[PDB]
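Enquirer: Given next are the chains, with one letter for each unit.
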Amino acid sequence: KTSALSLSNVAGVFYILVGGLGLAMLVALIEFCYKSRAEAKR
Amino acid sequence: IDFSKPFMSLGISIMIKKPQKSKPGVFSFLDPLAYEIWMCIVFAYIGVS
Ligand SMILES: CCCCCCCCCCCCCCCC(=O)O
Ligand SMILES: CCCCCCCCCCCCCCCC(=O)O
Ligand SMILES: *C(=O)CCCCCCCCCCCCCCC
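The listed protein sequences correspond, in order, to chains A and B.
Under this note's numbering, the very last position in the first sequence is 42; numbers go up by exactly one each time.
Under this note's numbering, the very last position in the second sequence is 149; numbers go up by exactly one each time.
Chain A extracted, bound-state conformation:
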């Protein structure tokens, strides 16, 4: 019959999304650690 989508059938796109958000925060923090350390020298 005509079945409705379940979270199992789409959870894959949910793991990439959360992975992207974690990666984006990591990228932002790394640029923060670089500028913060550089500012101390200057």
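Treat the hints with caution; some may be incorrect.
[To be verified] To give an idea of the interface, some chain A residues facing chain B are shown, with a C-beta separation under 7 Å as derived from the structure: (1) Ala4; (2) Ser6; (3) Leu7; (4) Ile16; (5) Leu17.
[Said to hold, decoys possible] Derived pair list, reagent style DMTMM-like, types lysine to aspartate or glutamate, alpha-carbon separation capped at 25 Å: (6) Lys1/A - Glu136/B; (7) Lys123/B - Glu136/B; (8) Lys121/B - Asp131/B; (9) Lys121/B - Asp102/B; (10) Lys1/A - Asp131/B; (11) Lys118/B - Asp131/B.
To be clear, the hints were calculated from the coordinates, so they are not data collected in a lab.
All C-beta atoms in this analysis are idealised placements derived from N, C-alpha and C, irrespective of residue type, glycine included.
Fit chain B with the ligands to the given chain A structure using the hints.
Expert: Then chain B with the ligands, alone, in the frame of chain A:
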């Protein structure tokens, strides 16, 4: 006995139990996605923002 001309047409038929089917309500445009996907979309929307 001696019957009379058919005053009504019958015929064997197979009765069963009626497989009741849900009746789409007003909020039936949400049927394609299970409510657990809609719940997670809201959480994803909050998390992404
Ligand atoms: C842009 C960043 C993307 C990050 C994507 C992370 C996804 C991780 C999902 C792991 C699921 C478990 C392993 C399954 C592997 C497989 O089935 O081949
Ligand atoms: C999975 C959870 C991870 C939690 C990460 C906590 C740390 C986030 C960054 C805090 C500031 C780090 C940089 C401080 C200044 C510096 O040393 O350059
Ligand atoms: C400067 O270099 C700071 C480095 C900080 C590293 C830690 C940042 C982690 C950010 C990603 C967290 C993702 C969590 C996902 C759920 C567990």
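Enquirer: Just to be careful, I want the Cα atoms of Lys1/A and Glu136/B compared with a cutoff of 25 Å; is the pair within it?
Expert: holds (20 Å)
Enquirer: Using 7 Å as the Cβ threshold, decide whether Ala4/A counts as touching chain B.
Expert: Holds - the Cβ of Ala4/A comes within 7 Å of chain B, reaching about 5 Å at its closest.
Enquirer: CA of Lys121/B to CA of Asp102/B, is that 25 Å or under?
Expert: Cα-Cα ~47 Å, so violated.
Enquirer: Holds or violated: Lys121/B with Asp131/B, Cα cutoff 25 Å?
Expert: holds (14 Å)
Enquirer: Given the hinted pair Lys118/B and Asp131/B, is their Cα-Cα distance within 25 Å?
Expert: holds (23 Å)
Enquirer: Is the shortest C-beta separation between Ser6/A and chain B less than 7 Å?
Expert: holds (5 Å)
Enquirer: Close enough to count: is the Cβ of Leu17/A nearer than 7 Å to one in chain B?
Expert: Since chain B brings a Cβ to about 6 Å from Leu17/A, closer than 7 Å, the hint holds.
Enquirer: Quickly compare the C-alpha distance for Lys123/B and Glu136/B to 25 Å and report which way the hint goes.
Expert: Judged against 25 Å, a Cα distance of about 21 Å means the pair holds.
Enquirer: Using Cβ atoms only, decide whether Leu7/A comes closer than 7 Å to chain B, and label the hint accordingly.
Expert: holds (5 Å)
Enquirer: Against chain B, run the beta carbon of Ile16/A and see if the smallest gap drops under 7 Å.
Expert: Where the cut-off is 7 Å and the nearest Cβ of chain B is about 11 Å from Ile16/A, the hint is violated.
Enquirer: Next pair to validate is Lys1/A with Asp131/B; report whether the Cα-Cα distance is within 25 Å.
Expert: Roughly 14 Å separates the two Cα atoms, so the pair holds.
Hints 4 and 9, counting from the list given before, are not met by this structure.
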